[PDB]
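What follows is one chain in structure tokens, specifically the form deposited without the partner chain.
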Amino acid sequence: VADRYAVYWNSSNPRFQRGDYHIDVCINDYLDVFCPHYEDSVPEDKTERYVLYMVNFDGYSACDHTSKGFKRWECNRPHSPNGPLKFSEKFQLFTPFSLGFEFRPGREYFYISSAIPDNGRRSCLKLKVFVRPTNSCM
């Protein structure tokens, strides 16, 4: 957890349950988000699915995924064949591709999700990521 940070994005995770999950990372580190994953023996009704978004602080604060940001990943395979669906975020300064994001050191970024079956629409799981300043990373 000094290059790759594992984040299990589901409501049974106490860190998300508490509603203030936050992590510090260094440029070039990776954030690996693991979508909810279940055994076939699971009741659907109890299968979590989410869309994950990156928003600004106000959107993060208000669980607003409609006003501004980007849809980043879709946790839509609760029974994915080889382990949970996993999305990776690399905190890099430059990206040569258009499907990517570039980060700046000494800045915080925000992520929130909306339930896919769209339930109780109001509260949300969320995550704050602070990219430490260059140097404050040894």
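The term rigid core refers to the most C-alpha atoms you can superpose between the two forms while keeping them within 1.5 Å. Residue numbers count along the first chain shown, from 1. First, how it differs from the form solved in complex with the partner chain.
The Cα position of residue 83 differs by less than 2 Å between these two forms after fitting on the rigid core. In this overlay on the rigid core, residue 100 has a C-alpha that sits 2 Å or more away from its partner position between these two forms.
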Contents of the next structure:
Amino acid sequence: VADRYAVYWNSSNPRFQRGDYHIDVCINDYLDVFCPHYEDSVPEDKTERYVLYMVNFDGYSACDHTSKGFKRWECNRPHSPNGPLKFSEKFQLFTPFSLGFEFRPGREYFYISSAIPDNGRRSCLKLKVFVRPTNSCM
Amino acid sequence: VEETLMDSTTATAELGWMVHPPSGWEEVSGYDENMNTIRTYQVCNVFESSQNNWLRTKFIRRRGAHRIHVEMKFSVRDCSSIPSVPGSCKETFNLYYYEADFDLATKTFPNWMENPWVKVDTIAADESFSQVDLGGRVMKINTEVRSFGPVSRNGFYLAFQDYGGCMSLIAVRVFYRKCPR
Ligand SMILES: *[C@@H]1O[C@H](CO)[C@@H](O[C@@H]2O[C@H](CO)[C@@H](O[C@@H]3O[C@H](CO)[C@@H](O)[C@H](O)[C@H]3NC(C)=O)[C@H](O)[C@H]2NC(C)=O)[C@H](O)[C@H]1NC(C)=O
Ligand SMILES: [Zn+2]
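One more: the block was the form deposited without the partner chain; return the form solved in complex with the partner chain.
Entire complex below, previous chain first.
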């Protein structure tokens, strides 16, 4: 893309339906997660809600955050005002805030979600982020 | 007695504060001392020389105050805990203010320098963070309060200047005292 990568986190997105959604980024690039958004004319039953976790590979592979991940974001507002609720992650080297999140060139990071109304925790929506080595990034 | 003129923690939206150099301060999601979600600002260009990063708040209505108090909550990373240590890394930032009868601030309007901006002080942290801890965050957020008082105009802006540090401006609370006595 460019420097910011938009990810529409919903089951209708063909990118997630193919199950291998991943993005190649460089340090300081951003990830913008767009939560499922529905107009007010929806019974909130077909409305998707998720809790997003940052997990390790095994957690990513099994769709399980337990003992292998951190709760990251909550898509709990399917009727937010100005468009879809949005969460952003900057692939920075050093966090200016205590135990914040740091990333390193040449490493892979993973995110998975579990539906709030719960569907079965089976084939979760997931995303792999590959932070490119310094040699690749310009 | 205390009257709040502005409090970044009650935003419940986006702060939208002005950043002179876009490559400097940036708005990011953060946490309060009592473990709560708020909007914060951070800068960490420790690999770039000649840093002079500015951050400007919205126009703040005076509401009958002359003596303004600024409560700042922040975290500053220890320059020695950051691998490539050039020597320009710093752990302090300056606070300034600029009063005006109207908003009028644009993106260039009030020059970004000590000249038109009045310096309140150079803020230092009593506790910089490197890592430590072995159970969870419990204490690492600094709290510094300063005052200034020429303020006679309808409102004023506040500005924070970074010059090569790695820090996070967690919260800013502005208030004045209108003693009933
Ligand atoms: C589920 O995921 C879908 C796939 O990502 C989402 O579809 C995308 O919705 C976006 C709207 O936020 C579109 O982006 C732009 O939106 C603006 C509206 O302000 C339009 O004008 C633009 O034309 C449109 N495209 C751009 C970037 O110019 C995406 O285009 C659209 N993707 C496609 C092609 O399907 C769904 O919104 C999302 N739905 C749920 C359930 O939340
Ligand atoms: Zn790839």
